[PDB]
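Below sits a lone chain in structure tokens, taken as the form deposited in one PDB entry.
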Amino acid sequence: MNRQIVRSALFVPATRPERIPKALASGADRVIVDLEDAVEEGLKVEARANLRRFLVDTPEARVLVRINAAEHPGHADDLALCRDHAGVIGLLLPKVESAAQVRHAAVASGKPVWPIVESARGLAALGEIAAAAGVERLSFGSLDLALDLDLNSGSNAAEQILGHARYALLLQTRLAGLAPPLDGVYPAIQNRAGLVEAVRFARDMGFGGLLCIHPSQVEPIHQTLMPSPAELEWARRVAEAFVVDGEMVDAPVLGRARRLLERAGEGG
């Protein structure tokens, strides 16, 4: 919901509507139907129609939508689509650089916004962005930010620089009282070992999950985020409950126990 951990948010282009149910069947916590960078300019109207048809034909489906930003002439149409279909439970706003951009998207759609930091200018304004009314949680465009800062993506030095963006997302999350952020996409679909390392690092620094681009990435993300059997056995008992193994059942312990349950996908 607007406060649980999202372990995985899987992109699927609106140009491939047959892949939308496949994305939903992958077990990803959230599916993001993309109308933005994965859809060539000449196919945006067709893509929007494809998404409309999916939502009308599958009313129980729940998805996020990555819309075109305000500079694009289809921004209003994208927002209207988000506004008019109950199945759209939030939208990703790319290239976010101001609080105003967020508010416009949140009010026009009436839906929660996930600002995606993709530039240095967005990072510099993250304080105001994160504090904007309508923001659910933050994420960032790892590749896009690397390009904006002329980094050699994948290098240790680039990761050190991206660490600043990560720190900012984590700090602003806490300051603004947002839901757990998502780490950026790990693009090497064939490198399962590398994905696991990326997930471990994100988890260890307080991210709830990762943005992802192929159904095959879901299993390893979920596996790496999963707490131990012992932590879950304890967490479940603490959730129900009070003295549970010694400590009291206070907000810090429920927040702890309930965070374990959400990392295991046993929230709500």
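So that the term is clear: the rigid core is the largest set of C-alpha atoms that superpose within 1.5 Å between two forms. Numbering follows the first chain given and starts at 1. Compared with the form deposited in another entry:
Regarding the hinge between rigid parts between these two forms, the matching entry from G27, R166, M226, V63 is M226. Domain motion between these two forms: the smaller of two rigid parts turns 58° against the larger, based on C-alpha superpositions.
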Given for the second form:
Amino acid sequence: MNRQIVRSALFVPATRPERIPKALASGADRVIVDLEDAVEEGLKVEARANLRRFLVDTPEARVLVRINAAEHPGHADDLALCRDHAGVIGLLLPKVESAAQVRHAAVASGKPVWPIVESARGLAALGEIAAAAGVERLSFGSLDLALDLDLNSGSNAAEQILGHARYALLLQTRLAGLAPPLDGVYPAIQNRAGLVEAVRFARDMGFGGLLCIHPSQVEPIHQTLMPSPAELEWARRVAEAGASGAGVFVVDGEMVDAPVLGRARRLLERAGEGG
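Coords for the form deposited in another entry, given the form deposited in one PDB entry:
Left out here are the partners and the other molecules; the chain alone remains.
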């Protein structure tokens, strides 16, 4: 339902309900309680009840739930849990491959849907998936895509293929008028330098945030998404020269036209200093 930015969406599996408050206290903009791929078949019924217990016992909590996809016998049970607790403000639909799967999850839960693209089928149908009623924003399942397309995760070639999927997510986001999408999970938990590089790369591309998997990732993500002093000072220089009214001028040796001035004004506004 939002058009605002989500910087961080932190997974926590419903098998570890004691970790859900820790996820919420981490400062992440969103917490995702997982009922799907982090939870083994045998623990999924218990985990669903764990999540029900947490939501009842923590009525002020607001969380996303990654539900089992329609193939699973627990699909309707996941959707009903989303529907029946005000603490569930949206669901992640994994393995999404059709507008129909989005519509069914949205109507059944009555809550916003985050489609997670993790397969070639999802990419091929992303136009209709993004355009489906109930979609809040799109996110990426990088490791799922590497499995589906047989990519060597982390190599230059895999990242080039994933660049094609990221582009599609960013294109359809603007085509369907969705809220800012989230780039995929960065799995090297303690590699802050690599996490920082994944975040800046994602932000530079128009992603609003990242799915994440450990509370320690939250602080690097939020600091990296902030405009640097240099980006702020550039935009101030561009906005100053543009205040008189001129159509085209020069700043730092570069021509500045309407699109450049607009980017500079939006950068300043998004950091808390509009006109």
